[PDB]
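J.: Chain by chain, the residues run as shown.
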Amino acid sequence: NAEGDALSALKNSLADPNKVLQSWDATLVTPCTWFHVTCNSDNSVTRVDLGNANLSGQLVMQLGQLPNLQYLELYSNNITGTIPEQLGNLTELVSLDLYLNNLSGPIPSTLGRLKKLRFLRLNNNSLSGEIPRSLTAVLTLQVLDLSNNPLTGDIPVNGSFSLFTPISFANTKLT
Amino acid sequence: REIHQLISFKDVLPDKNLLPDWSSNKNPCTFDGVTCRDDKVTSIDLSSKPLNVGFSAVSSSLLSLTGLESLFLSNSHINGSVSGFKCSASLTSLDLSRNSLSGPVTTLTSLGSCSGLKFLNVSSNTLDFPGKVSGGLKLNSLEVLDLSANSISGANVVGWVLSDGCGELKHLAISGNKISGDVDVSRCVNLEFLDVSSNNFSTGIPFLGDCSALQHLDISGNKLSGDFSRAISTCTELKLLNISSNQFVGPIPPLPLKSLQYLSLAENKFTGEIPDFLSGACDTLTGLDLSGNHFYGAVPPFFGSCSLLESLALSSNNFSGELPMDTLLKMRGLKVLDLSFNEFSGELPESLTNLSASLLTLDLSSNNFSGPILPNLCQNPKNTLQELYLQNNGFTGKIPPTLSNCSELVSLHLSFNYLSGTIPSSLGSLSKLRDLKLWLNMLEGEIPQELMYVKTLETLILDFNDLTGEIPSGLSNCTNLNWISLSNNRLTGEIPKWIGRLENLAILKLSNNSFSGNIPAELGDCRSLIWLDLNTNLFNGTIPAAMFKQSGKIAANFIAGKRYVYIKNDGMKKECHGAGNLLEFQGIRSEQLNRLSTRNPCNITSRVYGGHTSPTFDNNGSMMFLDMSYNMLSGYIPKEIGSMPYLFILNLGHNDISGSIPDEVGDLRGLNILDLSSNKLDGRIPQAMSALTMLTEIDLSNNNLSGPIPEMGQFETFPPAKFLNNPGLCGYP
Ligand SMILES: CC(C)[C@H](C)[C@@H](O)[C@H](O)[C@@H](C)[C@H]1CC[C@H]2[C@@H]3COC(=O)[C@H]4C[C@H](O)[C@H](O)C[C@]4(C)[C@H]3CC[C@]12C
Ligand SMILES: *[C@@H]1O[C@H](CO)[C@@H](O[C@@H]2O[C@H](CO)[C@@H](O)[C@H](O)[C@H]2NC(C)=O)[C@H](O)[C@H]1NC(C)=O
Ligand SMILES: *[C@@H]1O[C@H](CO)[C@@H](O[C@@H]2O[C@H](CO)[C@@H](O)[C@H](O)[C@H]2NC(C)=O)[C@H](O)[C@H]1NC(C)=O
Ligand SMILES: *[C@@H]1O[C@H](CO)[C@@H](O)[C@H](O)[C@H]1NC(C)=O
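Protein chains in written order, with the entry's author numbering: chain C, 26 to 200; chain A, 34 to 766.
Extracted from the complex, chain C is given alone in its bound form:
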């Protein structure tokens, strides 16, 4: 399926020194059997939890291909690179945890497309840019902890951000 293709592309962009992605099998019908990857009763990916794999590498565009993905935890790795805007093409979603990484560049405005998104931690990275005013859009977000990476540009109160303590900002070069 296209999904296994996607996650494969990730197993390539990534570097797997602790061989967590070893079980990801590219000949397989679906990647439903892979380790740490999981699926629904319909055999589409709902999760990928590689979180804290000591895994290093870049994220990748094909990652947008996992339309039923909900919780994605790439968190607490040595992952470098930018956050691909087709991450927004993952329409279903709950949690996005890129936290505690070396990911570089802008926090993509395309996250304004994930209405179901209930969690965002872009926390603890090194990111460069505005925040979008398009993340004011979403309104679910019972938590956003993006801290520890340099942004500024403002601290929005378009207000969907109404519900957040600043404990959520911590050093953003903010306002």
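Hints are not guaranteed to be accurate.
Computed list of chain C residues with no C-beta within reach of chain A, every gap over 10 Å [what the hints assert, rightly or not]:
hint : residue
1    : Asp30
2    : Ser33
3    : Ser38
4    : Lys44
5    : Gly76
6    : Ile180
7    : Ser193
8    : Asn196
Straight-line distance between alpha carbons at most 25 Å, and here's what the computed DSS-like set of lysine-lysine pairs gives [unchecked claim]:
hint : chain 1 : residue 1 : chain 2 : residue 2
9    : A       : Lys465    : A       : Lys582
10   : A       : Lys165    : A       : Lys43
11   : C       : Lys141    : A       : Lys755
12   : A       : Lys672    : C       : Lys44
13   : A       : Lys43     : A       : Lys59
14   : C       : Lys44     : A       : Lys211
15   : A       : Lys672    : A       : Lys595
16   : A       : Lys465    : A       : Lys415
17   : A       : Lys119    : A       : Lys151
18   : A       : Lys119    : A       : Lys165
19   : A       : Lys586    : C       : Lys44
20   : A       : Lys465    : A       : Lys595
21   : A       : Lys43     : A       : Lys73
22   : A       : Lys415    : A       : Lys368
23   : A       : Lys595    : C       : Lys44
Short, incomplete list of chain A residues facing chain C, as computed with Cβ under 10 Å [claimed, not checked]:
hint : residue
24   : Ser146
25   : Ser148
26   : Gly604
27   : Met605
28   : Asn705
29   : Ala724
30   : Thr750
Derived from the structure by calculation, the hints contain no laboratory data. We treat Cβ as the ideally placed atom computed from N, Cα and C, and that holds for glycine.
Add chain A with the ligands to chain C, keeping to what the hints say.
T.: Then chain A with the ligands, alone, in the frame of chain C:
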């Protein structure tokens, strides 16, 4: 002068203790690995001596030997990367393989300074080809080059190797890399051997050109398809053709038969009936693999003419009709017959008792065969049969004890049949027997104690039978027992406190039985044990601390390679217990798994994990799986339960286990599934349990548990149901 080069080498060994007979007084010729011709040193062979040194060491010292003809360092743990060096025109052969060599592959060009060198084997190392493909290897005085199973990724890298021209190259092997795109050996007119196996070629099907000299073609294990017949038509000179594990479709094409000995078209999209024209290839043809394709009909009778064919494997095709004994007796060449995964039908020919004398391995598994197993099968005094795979068939009635009369039998797999009545006690006499698999049959009674006179018995798989009574104690005489799967029986009694004596026991699965009484602490004595599935049982007691004692010193590499399934517990059915079922599947078919339905309540609406067993560690690992669910097992879960780095799944569910979750439960890093659910556990869920960063599943439900859910970490991703029924619990997340 020379001698002093040899001690100059000796210095760098860390690790001076190797090469002890190398000493300054003595004449170099008396040295280990040192070979002289008329008292001058033509070759050093250090193979399988842990040199643990740099390549540039070796070359500074040895490669400069005036006159040295060859060097063999294979598996020396030679380190580093291959540089330019002064080298003598007499060194013609270098075996650097089974090593650590690193860099770009372009390093190898430097060897152009070795002017006589016709032989290089660097295989089984780390070389990569990182940027982009051009320049050349520019080693053209080479007759033989083996770059295989290195880290090489690219395209027309095959073009790169042959780039400065190949003319004198007889043998080329690039297998087990990622190389891709185009192969042209067409210029190489001495080329007898081309091995491109296990690569990325999806496109060019090699251009051999004249193919005048080529006897060996291995293009197996690629995404390769396209017209290969037309490609290889130029040879007729060829001894081996391996086109397996590829994308080839269509009817078996005309291919050259004159010297053909081994032919595998296996594992492809090939359809149709095994062609007559194949024919005269019987002059030699010492082995044939048509397995894993789309072929149908029955074994064409001309196959009686290859009395030179040692092994015919037709497995996994549409082949039907009854067992072609008429042909099968005619080939007195035959050693292994693989008929597995087909539509062969009928009862088991009496007329077949002969094979049982000639044959090493009879694989009839996954077909339609019925009636009983010939009691008369093993009646020959002659009988050699090592491997009998009758598993997954329709065989009715008792296991013939007369079967003991096959005295060479190592593997007996009768499983997934309808066999009734008891297990032959008889079987105790099979003195070379290792794997015995009886699981999913109607066998009853007891597990025959005589099985103790088997000193090689490794596997024992009894699952989904009626076998009653305790564990036969005499099994404590089986030193080589590793995988004991007794699950889904009426078995009574305890775990033998001797079970800790089997140094080799790896997978022990006691599920769905009545086994009772305490969990033996001697369980902590077994160096090999990685999978303990005790679920759905009557066990008494408290988890002992000694139970883990061995964790961290563990080596499980013996159990490795055995094929299986895991059926993961849906949980969606009330009745179904455990985390999941680890079943032996070798040669049992995937789609007949529902034949389980009536014995196991669980959904096969489930996701079935599976493949060949591979422990994630070599040495110094831990217990990989523990399910103690559904018992009267109770008390304090010890701190020691944290001592398992490599443990994947922990299911302690539905017990009277009481007290509180030790902080150390955070140190099961490799823990993906944690189920403590449906217990008497109380108190608070330690936030140090945030440390399980790989967890895709938690169930803490049905306890006296109190306090808040520790949000930082994987915990927030888990639906609140899985915390339900802890009245004193502070959280929803
Ligand atoms: C070493 C042997 C004992 C064993 C057969 C082994 O080779 C086998 O391949 C093991 C490691 C696999 C096979 C079945 C696997 C489990 C199948 O059950 C599941 O719940 C999956 C889902 C999820 O992706 C988890 O991260 C892994 C997890 C929980 C797997 C964890 C690892 C296994 C237990
Ligand atoms: C290259 O060397 C490797 C390792 O030294 C050789 O591989 C072993 O060769 C023996 C004899 O063929 C086989 O029984 C094994 O299957 C091989 N082991 C490996 C690495 O798979 C290989 O034969 C050498 N090739 C040449 C051309 O000398
Ligand atoms: C034909 O090619 C196939 C695939 O390249 C060979 O298969 C492998 O054999 C080794 C044993 O040395 C195994 O460890 C691999 O797992 C095998 N792969 C397969 C297909 O399962 C096959 O042996 C080749 N045939 C010959 C005899 O040369
Ligand atoms: C154990 O065996 C009986 C016999 O069918 C079966 O019905 C029951 O469901 C099994 N228990 C489990 C948990 O599978």
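J.: Hint by hint, note whether the structure agrees.
T.: These are the hints, each one checked on the structure:
1. Look at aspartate 30 of chain C: its CB is around 14 Å from the nearest CB on chain A, clear of 10 Å, so calling it non-interface holds up.
2. No beta-carbon of chain A comes within 10 Å of the beta-carbon of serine 33 of chain C; the shortest separation is about 13 Å.
3. No beta-carbon of chain A comes within 10 Å of the beta-carbon of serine 38 of chain C; the shortest separation is about 14 Å.
4. Annotated as non-interface, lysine 44 of chain C brings its C-beta within 10 Å of a C-beta of chain A; the closest such distance is 8 Å.
5. With a least CB separation of 5 Å from chain A, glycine 76 of chain C falls inside the 10 Å interface cut-off, contrary to its annotation.
6. Here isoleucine 180 of chain C stays apart from chain A, with its beta-carbon at least about 23 Å from theirs, past the 10 Å limit.
7. The non-interface label for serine 193 of chain C is consistent with chain A: the shortest C-beta to C-beta separation is roughly 14 Å, beyond 10 Å.
8. Against chain A, the non-interface label of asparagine 196 of chain C holds: every CB pair exceeds 10 Å, the least being about 18 Å.
9. In summary, the hint linking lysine 465 of chain A to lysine 582 of chain A is not supported, as the alpha carbons are separated by about 33 Å, beyond the 25 Å threshold.
10. Simply put, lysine 165 of chain A and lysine 43 of chain A have alpha-carbon atoms about 39 Å apart, too far for the 25 Å limit, and the pair is violated.
11. With a C-alpha separation of about 22 Å, the suggested pairing of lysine 141 of chain C with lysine 755 of chain A holds against the 25 Å cut-off.
12. Restraint check: the Cα-Cα separation between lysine 672 of chain A and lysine 44 of chain C comes to about 28 Å, which exceeds 25 Å; the hinted pair is violated.
13. The straight-line distance between the Cα atoms of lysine 43 of chain A and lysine 59 of chain A is roughly 14 Å, inside the 25 Å bound, and the hint therefore holds.
14. Between the alpha carbons of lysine 44 of chain C and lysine 211 of chain A the distance comes to roughly 18 Å, so the proposed pair stays at or under 25 Å and holds.
15. Restraint check: the Cα-Cα separation between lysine 672 of chain A and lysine 595 of chain A comes to about 33 Å, which exceeds 25 Å; the hinted pair is violated.
16. Using a Cα cut-off of 25 Å, the hinted pair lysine 465 of chain A and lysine 415 of chain A holds, with the two alpha carbons roughly 16 Å apart.
17. Taking the CA atoms of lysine 119 of chain A and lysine 151 of chain A, the gap is about 17 Å. The hint holds against a cut of 25 Å.
18. Between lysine 119 of chain A and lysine 165 of chain A the alpha-carbon distance is near 28 Å, which puts this suggested pair outside the 25 Å criterion.
19. For the hint linking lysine 586 of chain A to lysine 44 of chain C, the alpha-carbon distance of about 21 Å falls within 25 Å, and the restraint holds.
20. Proximity of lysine 465 of chain A to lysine 595 of chain A is assessed by CA-CA distance (about 19 Å); at most 25 Å being required, the pair is judged to hold.
21. A hinted pair counts as satisfied when its Cα atoms are at most 25 Å apart, and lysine 43 of chain A with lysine 73 of chain A qualifies at roughly 19 Å.
22. Proposed proximity of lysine 415 of chain A and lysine 368 of chain A is supported: the alpha carbons are some 14 Å apart, at most 25 Å.
23. Restraint check for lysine 595 of chain A and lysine 44 of chain C: the C-alpha separation of about 21 Å stays at or below 25 Å, so the hint holds.
24. For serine 146 of chain A, the shortest C-beta to C-beta distance to chain C is roughly 34 Å, which exceeds 10 Å, and the interface hint is violated.
25. Here the hint on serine 148 of chain A is broken, as its CB sits about 40 Å from the closest CB of chain C, past 10 Å.
26. Checking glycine 604 of chain A against chain C: minimum C-beta separation of about 12 Å lies over 10 Å; hint violated.
27. Evaluation of the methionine 605 of chain A hint against chain C yields a held restraint, the C-beta minimum of about 9 Å falling below 10 Å.
28. Checking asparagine 705 of chain A against chain C: minimum C-beta separation of about 7 Å stays under 10 Å; hint holds.
29. Here the hint on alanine 724 of chain A is kept, as its CB sits about 9 Å from the closest CB of chain C, short of 10 Å.
30. Interface restraint check: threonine 750 of chain A against chain C, minimum CB-CB distance 5 Å, threshold 10 Å, status holds.
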